[PDB]
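**Student:** Residue strings, one per chain:
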Amino acid sequence: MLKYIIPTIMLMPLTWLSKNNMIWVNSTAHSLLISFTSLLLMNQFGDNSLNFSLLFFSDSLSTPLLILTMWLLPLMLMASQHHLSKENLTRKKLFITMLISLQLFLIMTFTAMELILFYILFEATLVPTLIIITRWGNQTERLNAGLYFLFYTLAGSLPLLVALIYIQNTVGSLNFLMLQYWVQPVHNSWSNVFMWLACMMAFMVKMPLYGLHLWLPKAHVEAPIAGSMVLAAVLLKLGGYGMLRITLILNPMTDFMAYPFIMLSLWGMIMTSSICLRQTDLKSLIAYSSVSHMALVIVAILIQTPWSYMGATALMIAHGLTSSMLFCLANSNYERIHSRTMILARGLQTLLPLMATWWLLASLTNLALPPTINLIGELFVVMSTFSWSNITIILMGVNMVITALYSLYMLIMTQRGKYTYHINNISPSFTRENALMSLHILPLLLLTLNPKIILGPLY
Amino acid sequence: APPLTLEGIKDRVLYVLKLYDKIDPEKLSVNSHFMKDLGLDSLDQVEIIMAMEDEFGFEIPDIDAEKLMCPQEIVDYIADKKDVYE
Amino acid sequence: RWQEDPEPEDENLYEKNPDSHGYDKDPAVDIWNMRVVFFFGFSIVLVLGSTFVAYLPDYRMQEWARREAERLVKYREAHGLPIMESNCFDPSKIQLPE
Amino acid sequence: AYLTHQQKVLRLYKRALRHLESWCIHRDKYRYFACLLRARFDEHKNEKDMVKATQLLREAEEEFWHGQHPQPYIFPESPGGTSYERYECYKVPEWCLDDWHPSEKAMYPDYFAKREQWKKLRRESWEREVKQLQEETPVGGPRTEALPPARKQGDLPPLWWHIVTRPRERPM
Amino acid sequence: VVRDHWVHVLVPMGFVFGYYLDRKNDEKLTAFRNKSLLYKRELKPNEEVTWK
Amino acid sequence: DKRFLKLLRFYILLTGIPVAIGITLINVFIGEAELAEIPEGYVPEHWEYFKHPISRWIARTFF
Amino acid sequence: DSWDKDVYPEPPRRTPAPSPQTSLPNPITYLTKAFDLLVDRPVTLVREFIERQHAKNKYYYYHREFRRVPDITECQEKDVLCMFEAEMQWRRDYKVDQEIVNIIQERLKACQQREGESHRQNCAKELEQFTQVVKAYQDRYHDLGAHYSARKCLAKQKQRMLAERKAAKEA
Ligand SMILES: CCCCCCCCCCCCO[C@@H]1O[C@H](CO)[C@@H](O[C@H]2O[C@H](CO)[C@@H](O)[C@H](O)[C@H]2O)[C@H](O)[C@H]1O
Ligand SMILES: CCCCCCCCCCCCO[C@@H]1O[C@H](CO)[C@@H](O[C@H]2O[C@H](CO)[C@@H](O)[C@H](O)[C@H]2O)[C@H](O)[C@H]1O
Ligand SMILES: CCCCCCCCCCCCO[C@@H]1O[C@H](CO)[C@@H](O[C@H]2O[C@H](CO)[C@@H](O)[C@H](O)[C@H]2O)[C@H](O)[C@H]1O
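The listed protein sequences derive, respectively, from chains M, U, g, n, f, h and p. For the first sequence, position 7 (counting from the first letter as 1) is numbered 7 according to PDB author numbering, and the numbering increases by one without interruption. Quick note on numbering: the second sequence equals residues 3 to 43, 44A, 45 to 88 in PDB author numbering. Count along the third sequence from 1, then add 24; that gives the number in PDB author numbering. Count along the fourth sequence from 1, then add 6; that gives the number in PDB author numbering. Count along the fifth sequence from 1, then add 5; that gives the number in PDB author numbering. Count along the sixth sequence from 1, then add 17; that gives the number in PDB author numbering. Count along the seventh sequence from 1, then add 1; that gives the number in PDB author numbering.
Careful, some of the hints might be misleading.
Computed spacing ranges between beta-carbons, pair by pair [said to hold, decoys possible]:
1. p:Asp37 - f:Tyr44: 47 to 55 Å
2. U:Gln74 - n:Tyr90: 25 to 33 Å
3. f:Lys49 - p:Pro43: 32 to 40 Å
4. f:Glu53 - h:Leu52: 25 to 33 Å
5. n:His168 - U:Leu6: 18 to 26 Å
6. p:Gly117 - f:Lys49: 53 to 61 Å
7. p:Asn103 - M:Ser387: 19 to 27 Å
8. p:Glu118 - g:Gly104: 28 to 36 Å
9. g:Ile118 - h:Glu54: 31 to 39 Å
Once the Cα atoms are required to be at most 25 Å apart in a straight line, the calculated BS3-like pairs of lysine-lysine come out as [unchecked claim]:
10. g:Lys117 - p:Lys126
11. U:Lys84 - U:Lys38
12. M:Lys418 - U:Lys84
13. U:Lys69 - U:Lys12
14. g:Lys49 - h:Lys23
15. n:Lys126 - U:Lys12
16. n:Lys97 - M:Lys418
17. p:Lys59 - p:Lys79
18. n:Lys97 - n:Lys126
19. U:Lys20 - n:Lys125
20. g:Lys40 - h:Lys23
21. n:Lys126 - n:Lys111
22. M:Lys93 - M:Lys19
23. U:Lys69 - n:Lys97
24. U:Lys83 - n:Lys137
25. U:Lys83 - U:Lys12
26. p:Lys96 - h:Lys68
27. U:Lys24 - U:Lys38
28. p:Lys157 - p:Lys167
29. U:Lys84 - U:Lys12
30. p:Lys126 - f:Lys45
31. p:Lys167 - g:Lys117
32. g:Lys98 - p:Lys157
33. n:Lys125 - n:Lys137
34. U:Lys24 - U:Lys12
35. p:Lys110 - p:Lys6
36. p:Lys59 - p:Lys96
37. M:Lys93 - g:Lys49
38. U:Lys84 - n:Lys20
39. p:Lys157 - f:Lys45
40. p:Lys96 - p:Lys157
FYI, nobody ran anything at the bench for these hints, they're computed from the structure. Every residue gets a Cβ at the ideal spot worked out from N, C-alpha and C, and that includes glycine.
Could you put the whole structure together from the sequences, leaning on the hints where they help?
**Tutor:** Laid out in structure tokens, this is it:
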């Protein structure tokens, strides 16, 4: 992985040694070049994962997440450089450094072969993320949002640290390849019930699981746009990726420990979808949309079927691009009217016709219009949960209906109707804003032509 | 639809009033007040507005309608709503 | 209260630069920023990356598995053997308990 | 209700005729029944007792509710009509033209030359319009939404821009 | 080398350097080169190692 | 809006057309490999197990 | 031809010879002649040109041969080096068996379309073959879960072998 780790680090010298007026051009261009080379990770085999060294390996699960992560860095740079224009030069370079360091921790997190190396990097992403939210957020509440984000995560992570170290003691290793062959079954006992909880609660909080999700709408509403992009696109998927790996050693206890969390997700997804119908804040609506989508991922990981794992892998990638696009779309409105109130600026399709096309495409992927990968992921999950229990189609069906209602409600309220009279600073969409939107939707729609590369190890 | 003109609107407003049996077509003029000059009441004025709505195919709200008290006022109201400027 | 700077007005990048791409206030930097995003983003990553992905060699050996299965079905049907046996492992190599 | 008694009766008369028209459809039949309906209003036209007159209004409204057409006729461009707000998607505020690219403005040199005079006329008049509203408004703010006319020559009626320059009812 | 374009070699060199280091790691993991049951064979007349 | 879509098309086609032409010339004049039996005593290189020349090039050059 | 007729069998074709009972000209006959003249001939020549260039650059690719290694039954407990090879072999066979079921499914679906309204009786062999192979595939691989392995497959077989033994004991 050094062909990706090292050039990612070299982005830091590049940013700091760039001319004062070229920090965005240089960092954006060279982070796109790194994104290009990440496609070499798709040298995947039918039987064996791609194991580079004792430290790093890349299978079909981590490969698409790595490519999503490295694609997101250039997009985040494009999305931030407007609202950071008045920033002090050094504080602009420190902002970019926080994003580069986040990418560094992320690509190492997704390829760590040892679970305790995964834990440290998994935890290391907190610091740059927290600093972005609290230093470069705009509102007073960004400070409270930082604390909720920090302490929700740590409340779960610290038990996970104890469980992993206990697992290394008893099994002798935490290398994920070794665990595949040395895994022993988990037999019922209160001791194992809490080993199971410690291994899964840290990841449940990151997804987040319904009930434990309150940190997420706070963080999104306060984060800067680049922070919201990485939060929704990648950092949520650290929970999913971690769960997909650790469940290997939790069998067969996962048979009955899953029930309380499937119930929370199946019911929680209807509850958070319905919350979206009455949200007044556009960013908060998108945040609650992520909770509903990630509920499906939690259910799919817990029912442990080949179809559900394929569906979860596609959902994580599809959600990553769609939710990131939606936050970017809402941000472009915010940079004009400087409010997140959804009902404030209406009828924008009249004033920004092409940006209204992006709003349409983003909404269609969010409601999972076939054959988007949003629909492929969501459909595969629904097929597998139906076999788990037929009655789940009722809850899946209702969520699909409510998901369409709030997706098109967001489209209709902001883009259609009459424009707000007194709002007269809706300038024409910039090239930067249109290119940012297209760099989200075009790769998302292109992946429909070749969806096998985002279906994960069980394809 | 053929465009309207100020002269065209006036002609049809007067035309309708000349077919109302309670007005004297010779004594009618664009500036005739429906009560002070033509000696109609308000029940009659509601009917006149009702007939103007039927003539031009659009509704005048009662708040606006009760103020149109001579044919010229109706001609002005219609022209403003239809963006007639000549 | 205190001695504080008032909230500055909103700068419309189009006022000074009607051809602004929204990247930079400097028109020359603004053009270069647009060029690298479009060339490296669309012309390279999206166009070449899409072409690279389309021609990936037998991603996860799905084609070989189909060719191999054809070989096995041809052989087994000719020799009268079952297309597929219920037992994955040879039962002679297994020692059941009891 | 801020409507006087006279306004309520006149409003009820109009509304009753329109719902009567929906029932009758045919113009000759409507004319026959509109005259009988008018005769009923003329019957109590001179009722000088407000208490009885108000009582007559209550029963009249009660009768209208029972007899109203469930699907009355609506003028197409009237609220609730089949063409209400049909053209709002084409009405674009005039301030959108300040953002046009110069190459777009060069296509209409004469239109944008005139537009500048209006914008010039708007800046020059604004201060006097705010002043006129300051001098005519009693302490404690206005009590009605009525606005004054201009009192001098060269003055424009205060708050005129968004009435004068509003989009055409059939813009595109 | 220019005064405007020397910072543009950092990331490309980092990739080349990382690529080089990645291949050196494979030199430490040759304990089973040509020894696995699945792929063990005889060397060709000129070959010295099945992979490097 | 028009300017962005013209720029978007130009930069897609800037490489798209040469790639589409380059692919056509590859398919026509180089063509695909033919399936064959592994000759006795012959050990094919890892990239000789793929048909399309571009797939063969990708496996040889990067993988 | 292009594929193997044994793996993908097609019953021999039987086409009734035209028996026109009408004086009218048949529209399909002339459109067919136009299609051959206007479409088939130019398309055929363009292909023959391309087939000439390929013949001047003939090169080959091969189907990989995988030697057989000891399966998971022969591996010592927690011996990763032997487990790894048996595990990888089992994974390769799992993919191949998936494509075997796809081939048998493809035969079944081709028969259903080919036979038309008679498919119910004329695709009994294909249905029977499909039913048997799906039973074998289900026994090998069904209910193993997302984290399937050669070990879980073996444990499932042993459990099945035990049940068959006990019923046989009841006989
Ligand atoms: C979000 C929170 C989710 C909470 C989910 C709760 C799951 C509850 C699981 C209860 C079953 C625990 O597992 C159970 O534990 C006891 C440990 O004493 C084991 O039993 C053991 O202790 C009991 C004492 O109670 C003895 O009678 C028994 O002889 C001994 O073997 C059982 O063999 C095991 O079946
Ligand atoms: C394989 C790796 C490839 C890496 C590719 C990286 C692409 C980066 C593209 C940026 C190119 C910009 O190159 C640019 O050239 C001119 C002339 O030297 C420099 O100097 C220029 O500065 C300003 C721009 O603000 C100009 O108005 C002025 O005419 C000129 O002096 C710029 O400072 C430099 O930024
Ligand atoms: C325009 C889109 C570009 C996408 C990026 C792909 C760039 C590479 C495209 C061409 C790759 C080279 O294409 C190459 O053609 C030759 C044909 O001789 C093949 O080579 C084959 O034939 C040659 C004879 O010429 C012999 O050495 C031998 O039989 C065999 O190696 C290669 O297997 C193939 O890789």
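**Student:** Give a verdict on every hint.
**Tutor:** Structure-based check of each hint:
1. p:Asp37 - f:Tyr44: 47 to 55 Å: 53 Å, holds
2. U:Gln74 - n:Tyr90: 25 to 33 Å: With Cβ atoms ~29 Å apart, the hint holds.
3. f:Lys49 - p:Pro43: 32 to 40 Å: 49 Å, violated
4. f:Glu53 - h:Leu52: 25 to 33 Å: 31 Å, holds
5. n:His168 - U:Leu6: 18 to 26 Å: Between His168 of chain n and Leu6 of chain U, where Cβ atoms are some 24 Å apart, the hint holds.
6. p:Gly117 - f:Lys49: 53 to 61 Å: Holds, at about 57 Å.
7. p:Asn103 - M:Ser387: 19 to 27 Å: 20 Å, holds
8. p:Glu118 - g:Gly104: 28 to 36 Å: 33 Å, holds
9. g:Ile118 - h:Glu54: 31 to 39 Å: Because 36 Å falls inside the window, the suggested range holds.
10. g:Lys117 - p:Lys126: 34 Å, violated
11. U:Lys84 - U:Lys38: 29 Å, violated
12. M:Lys418 - U:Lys84: 20 Å, holds
13. U:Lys69 - U:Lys12: 18 Å, holds
14. g:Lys49 - h:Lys23: 22 Å, holds
15. n:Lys126 - U:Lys12: Roughly 35 Å separates the two Cα atoms, so the pair is violated.
16. n:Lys97 - M:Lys418: 9 Å, holds
17. p:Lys59 - p:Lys79: 49 Å, violated
18. n:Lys97 - n:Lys126: 24 Å, holds
19. U:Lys20 - n:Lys125: 45 Å, violated
20. g:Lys40 - h:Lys23: Distance ~23 Å between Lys40 of chain g and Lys23 of chain h Cα, so the pair holds.
21. n:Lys126 - n:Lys111: Given that 25 Å is the threshold and the Cα spacing comes to 18 Å, the pair holds.
22. M:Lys93 - M:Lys19: 11 Å, holds
23. U:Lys69 - n:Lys97: Violated: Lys69 of chain U and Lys97 of chain n sit about 28 Å apart, past 25 Å.
24. U:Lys83 - n:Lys137: Distance of about 30 Å is beyond 25 Å: violated.
25. U:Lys83 - U:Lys12: 14 Å, holds
26. p:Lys96 - h:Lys68: 20 Å, holds
27. U:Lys24 - U:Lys38: 14 Å, holds
28. p:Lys157 - p:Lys167: 16 Å, holds
29. U:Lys84 - U:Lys12: Holds. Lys84 of chain U to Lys12 of chain U sits at ~13 Å (cutoff 25 Å).
30. p:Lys126 - f:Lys45: 43 Å, violated
31. p:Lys167 - g:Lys117: Judged against 25 Å, a Cα distance of about 19 Å means the pair holds.
32. g:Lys98 - p:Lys157: This hinted pair is violated, its Cα atoms lying about 29 Å apart.
33. n:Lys125 - n:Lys137: The hint holds at about 19 Å.
34. U:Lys24 - U:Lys12: It holds: about 19 Å lies between the C-alpha atoms, which stays within 25 Å.
35. p:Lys110 - p:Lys6: 16 Å, holds
36. p:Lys59 - p:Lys96: Distance of about 31 Å is beyond 25 Å: violated.
37. M:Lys93 - g:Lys49: 18 Å, holds
38. U:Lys84 - n:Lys20: Distance ~23 Å between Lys84 of chain U and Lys20 of chain n Cα, so the pair holds.
39. p:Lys157 - f:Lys45: 32 Å, violated
40. p:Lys96 - p:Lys157: Measuring from Cα to Cα gives roughly 18 Å; hence the hint holds.
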